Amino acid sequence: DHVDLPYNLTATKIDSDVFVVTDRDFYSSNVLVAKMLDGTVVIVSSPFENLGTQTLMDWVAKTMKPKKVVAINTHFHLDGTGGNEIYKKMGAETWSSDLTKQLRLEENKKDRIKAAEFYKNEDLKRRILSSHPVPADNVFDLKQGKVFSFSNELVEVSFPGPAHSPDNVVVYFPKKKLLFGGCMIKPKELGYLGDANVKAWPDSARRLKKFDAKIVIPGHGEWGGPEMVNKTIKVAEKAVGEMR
């Protein structure tokens, strides 16, 4: 089933050398952890804050003994950039699009106390206020994307268009046939609409059909197969229809 971690994280194995770690205190946010054939560990997205992320990195160190860690932010929300403080502290190489870095820096200008009020309880508010999110150390041009090659094993980061957020990117692992679609994968309901482009979302999701994926991992909730994309398109087009 799963391994129980501190701060209400759970880790589930979905393939050889591939795990999903879920932050169950903060909106059941999913984090992909994949060990490459050459020993590099790639982490996609993040827990919301420092206690969760330290917990994640302790588990990565203990169970995978990485040669090197590369962390890829999926978008500027805290499930995305909330891990950067601890990723950096633990020596990981953090990456995001230039737009994600810009949006995180702008978000940091907002009054923190007001932002923390939308959280469930006092314990979570205190944890959020005890972390101070930072952008990634390394950036790529959003529309160009980024391809890593770890001893000829590729990891492809690409922008399919605005959907859940203006900056959402997906991460594809061709050898493992694994697509981390993040928070633009919404097979039942679209969720938080604040930064969304609902009109663009159907065509942005249509761009995910090209991937030869056996597993599609969403930003929240259970992962599935390529049908996760089909479902998302229908959910988004339903919302667009309701809109006029």
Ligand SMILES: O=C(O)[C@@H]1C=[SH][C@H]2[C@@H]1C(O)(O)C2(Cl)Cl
Second form
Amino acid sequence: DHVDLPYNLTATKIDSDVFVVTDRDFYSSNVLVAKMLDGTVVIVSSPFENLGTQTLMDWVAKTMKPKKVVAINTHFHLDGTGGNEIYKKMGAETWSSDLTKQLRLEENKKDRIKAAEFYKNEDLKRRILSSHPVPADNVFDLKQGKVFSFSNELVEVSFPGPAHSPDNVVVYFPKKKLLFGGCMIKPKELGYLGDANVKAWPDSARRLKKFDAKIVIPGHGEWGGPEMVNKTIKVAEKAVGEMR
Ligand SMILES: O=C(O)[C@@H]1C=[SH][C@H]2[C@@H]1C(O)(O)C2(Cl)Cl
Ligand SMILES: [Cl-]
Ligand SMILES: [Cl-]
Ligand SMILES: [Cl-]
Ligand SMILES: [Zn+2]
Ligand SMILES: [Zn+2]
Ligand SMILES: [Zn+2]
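Previous: the form solved without the named molecule; requested now: the form solved in complex with the named molecule:
Next comes the full complex, and the chain you just saw is listed first.
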């Protein structure tokens, strides 16, 4: 059961006050939206650009009516920082690691038109170039992580080590037993390897086994239970082996 939104987003209820919003135009990217017991809404990751993000925020506004929104970037890629322009414009409080902010600014130095070449889809290319990704307004030291407390309901952000990217963090909701693992959760294949640390990935994923989690949410594709971590570890080990 899902609700269809503008620009090919879909919202699925996966629990009480917990939804996954998926951007099916841009690699089926997952965005977690969780309403805290005290009414604060927490958003993890983002759609790639301004139309998807505005659609997301409209739906959050209508269906949850929050007084406060906290948005947490999972890494510097567009499924991660692409929502910041609109989150900030809508009044949300945007957070990321210091390294994530740094890499986002670095990536922005690059020539967009030469960079966005690798879409081929003219409609998507125009949407991409009409957005201009910015870093979060608030930062924490990567290796220290960050803990939010919303009337004693906790949201924990931590760095398990480099894997999909040098800066990838996970977000854990203890009361709801929910882990958003993002793009280091890769149960079938590793995907985009450009910013990846394949050698370090198996131990980085092993660090996620400690979480008491009934649900694990990956950056792309269908979510699952704690077995998502086990599969990832095996996929990561296979790659290390093949490349020696
Ligand atoms: O490995 C991933 O996480 C993904 C594979 S395709 C897509 C996504 C991403 O890195 O955001 C691109 Cl390369 Cl745009
Ligand atoms: Cl800019
Ligand atoms: Cl803290
Ligand atoms: Cl308690
Ligand atoms: Zn549908
Ligand atoms: Zn990524
Ligand atoms: Zn991704």
